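Please model the entire structure based on the sequences and the hints provided.
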Amino acid sequence: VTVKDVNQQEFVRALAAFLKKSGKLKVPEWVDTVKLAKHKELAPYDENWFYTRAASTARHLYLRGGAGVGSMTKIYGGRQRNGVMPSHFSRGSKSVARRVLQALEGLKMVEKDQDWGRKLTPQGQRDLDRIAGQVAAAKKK
Amino acid sequence: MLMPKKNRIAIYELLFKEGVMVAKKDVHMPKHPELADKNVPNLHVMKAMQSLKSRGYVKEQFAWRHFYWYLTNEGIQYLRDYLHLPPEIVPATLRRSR
Amino acid sequence: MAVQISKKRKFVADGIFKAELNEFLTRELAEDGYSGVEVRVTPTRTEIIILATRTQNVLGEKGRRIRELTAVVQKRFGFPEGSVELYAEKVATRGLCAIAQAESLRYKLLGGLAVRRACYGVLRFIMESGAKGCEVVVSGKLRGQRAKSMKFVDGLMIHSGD
Amino acid sequence: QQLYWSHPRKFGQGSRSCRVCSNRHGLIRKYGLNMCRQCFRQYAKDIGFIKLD
Amino acid sequence: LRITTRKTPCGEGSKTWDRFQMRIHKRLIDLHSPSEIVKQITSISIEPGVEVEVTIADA
Amino acid sequence: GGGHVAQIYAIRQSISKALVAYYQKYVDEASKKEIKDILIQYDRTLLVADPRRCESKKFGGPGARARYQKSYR
Amino acid sequence: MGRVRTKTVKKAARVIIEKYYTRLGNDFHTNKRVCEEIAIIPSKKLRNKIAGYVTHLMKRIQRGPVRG
RNA sequence: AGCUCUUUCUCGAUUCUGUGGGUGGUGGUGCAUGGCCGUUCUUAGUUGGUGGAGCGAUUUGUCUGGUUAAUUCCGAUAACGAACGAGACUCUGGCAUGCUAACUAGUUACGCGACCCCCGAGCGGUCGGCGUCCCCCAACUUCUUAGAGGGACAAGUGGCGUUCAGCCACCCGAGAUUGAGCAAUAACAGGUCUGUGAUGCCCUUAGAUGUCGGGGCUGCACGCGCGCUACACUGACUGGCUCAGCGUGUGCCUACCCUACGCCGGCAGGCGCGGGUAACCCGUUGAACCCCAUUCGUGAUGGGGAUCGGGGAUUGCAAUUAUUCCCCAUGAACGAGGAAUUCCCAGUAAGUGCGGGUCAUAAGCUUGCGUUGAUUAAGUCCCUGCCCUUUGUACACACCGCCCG
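Chains as they are written, first to last, in the entry's author numbering: chain T, 4 to 144; chain K, 1 to 98; chain D, 1 to 162; chain d, 4 to 56; chain U, 61 to 119; chain Q, 74 to 146; chain R, 1 to 68.
Hints in this document: simulated from the structure, not taken from any laboratory.
Selected chain U positions facing chain D (Cβ under 8 Å, derived; list incomplete): (1) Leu61; (2) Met82; (3) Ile84.
Some chain U residues well away from chain d (every beta-carbon gap over 12 Å; in silico): (4) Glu72; (5) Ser74; (6) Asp90; (7) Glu96; (8) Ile97; (9) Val98; (10) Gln100; (11) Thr102; (12) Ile104; (13) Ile106; (14) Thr115; (15) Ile116; (16) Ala117; (17) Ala119.
For each residue, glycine too, the CB sits at the ideal point set by N, CA and C.
Rendered as structure tokens:
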């Protein structure tokens, strides 16, 4: 495994947990309260979820040259039920993603990229690749 | 239509020198680009011109809300009189060609 | 500097400009047999060639009316003096310029004349020019309460397609 | 002089018309043409808008 | 360029639609030289229906 | 381009056409014919592109053949 | 059926065949070239449609004299 | 509002006052009119020359039959040879490892090192490995592009039919019918004077029927039409896979753009930047359905999101009669729709998002576009509608017509 080698769900699942063990990520004190998207029906069932998003994002950046919060809000953004009106896109929160981006920096997984947008760092690039291997290794099944 | 005895001169005098006038069909811009020692827009200029035309002296074409004003021969004499000016006058024709 | 303007907006703009111009001349040059215009962009001038066949009237005494027109076009199209320029130009045969023939009917009827004489005459003249065919329709109300229309055709014409 | 005589004209239907005919209704504002639809129908040939399909 | 309108001016009637187009076509060509062959090669090549722009270089 | 199913069909076609294009320049003709045989037989279009493509919607319905609604009076 | 050749086409076929029989052939591809030589036809689709119907005729003629 | 008035300055022959006369009107009449437009109609309808047939208007041509999407064709026929609509014609879109090309489009493949990760292997140097970045005196046109090129003619073959016109199956292969645009003869008291400086006459015209302040257009026992959203477990939900396309922009006929990226805020949004007349940038439009690992569990419940209350913000000088958006709360009917009735044959129905028009703000709209993509006739004239003969008719403002006490 390149991270590209591992399936997205298991990769994210494994990394997100690894982050949880590490114990040092950092977390707008909120996260209990927050929905994550105006579109959103209820907050996240796994109140633990902050880690999962972080993993998801780290993987998301590693794939691509550089990305920023607006893109993430939309990615997270689902369809919002206008009620009487037909449903439409609504890019998902900007505080969570930003905080995610800021926090990741602390670990050095990602760093400000040139010309705007955060890019993965070689430190992160190394870190993701390492867990990617661990996941591949676990088993067949 | 209505107006000053100074603005009227500005209109007549420019008209006599130009031989042509244009004004967009608006009564609000109050001022118009080009000339305009400023004071007006269609009105004083439109109205004065409209009056000038009714008595002859000028022929007016509307198209596209501009109103293009063309000075007539009888009119040249008339403005000649208002300006009082030097006979041979010589407004917005003089000319060469080929 | 710029002053610029978008290429798409630019072309549409030019088209509208041509629409004004064509409308203005159509209304002024009527006695002139104004047939149509062509505006050619160049470097350092804008030339407007008026295809009309009564160019003598367009010219004017001592070279006049054309000047009076150029001046107008120049003033209205914020064309600083001298770039823009007007030229008259006789149209080859007045017989195949639908527009010349139409203006003619307007004049004949306005003149006072009859209906069949005017139409038939125009038709005969057009056919004499040696055209393919021609048709003139008069719609509207003459002398009475009720509207009526007439079709006066001679020769051959094709209705449909490219 | 007559401070009296105007209220905002910056925007809305009331801020624009037909360069052809004054009408503040059914106005084509795309590509900066600014012609009312009824007129645009009559001038679309001279502007360069032609029927193809 | 696409314009879509109801065929009436003014409405009661099967709702019918008309769409006019105006088709802009662009091209460029890259020359290196000077003096005459510049203003020459631009200016013939002239007449209908044809916008032309010539640009110095870099920016 | 396309979307999720659209893509699958395209990639599979590209792969089989690929393999055959390759046997045509480097291997021998009988092999490639053998392959076109197996595909073409069981198939799915693998070596030939399905034509079918959007028809344009026409004023008076929001689809191509769908016509709006009428009440008469 | 839906493709019933119209007179403007069918006429040209009778026409050419009358003045072209020993030149024309059994095969679409060649008459099509021949129509360029022996006739002035405005669009390519028409010329094709002509070549094609006249060939259908030549195929028939060369199996039994045809009605007109 | 010096509009009016008080007070008394100011402009300076413009105007005032009188007569005659204009001018505007979103004033009226479309049943006074042009144009434009709907409808009959994209129906198969329409006409001349020349002859035949008749005193004549006229008629045949333009038809028993077959065939066709089409008066499309064949044949027969006192007609022959043509034109008009249909068609051909034009436009759009698929098949072209062919064509000529491309740094304001990409691709290969280097040179590729680097970032560089170790992902696996190796102790490591080193090998294979997905991307980004380097950009180059690399190469290319395959994807992309837009120009020219060719392909479909039901071409071959086989059944059927006057053994014809055609019909059906089959092959190559894009398969005969991809989908629009173009519309005659002649009509209508169809619609439009509120598109028109198109327009008549009329009406009005200083105490205006020509503009500003303010409201209505948005007033609710009730009916109707187009729609939207729904009635749930093919679902509602939370995390997570994840791909697009038609189109669009500022530097503007007079006030102003599309907006990536940092920060603050739960949101809504606020705030700082920087590029872009654009194939350069927003935008490899990283869309949405969908797919999926969970929860729910058949409860109007988590289906549904009405109504209302409070509150946050955006547009505008001004939003109260919510412009709109959000956050919470309040959490309706609706648990499949009678009489009726629309529309539809393949990227079609249907689900599903997006962009453009309106636009300062405002989409439940219209108007396209891609995405996901069936069921189902493959025909016929029963009902309905319209045109084909023959026929009947007291009809002819033509059955929505005109007969007895």
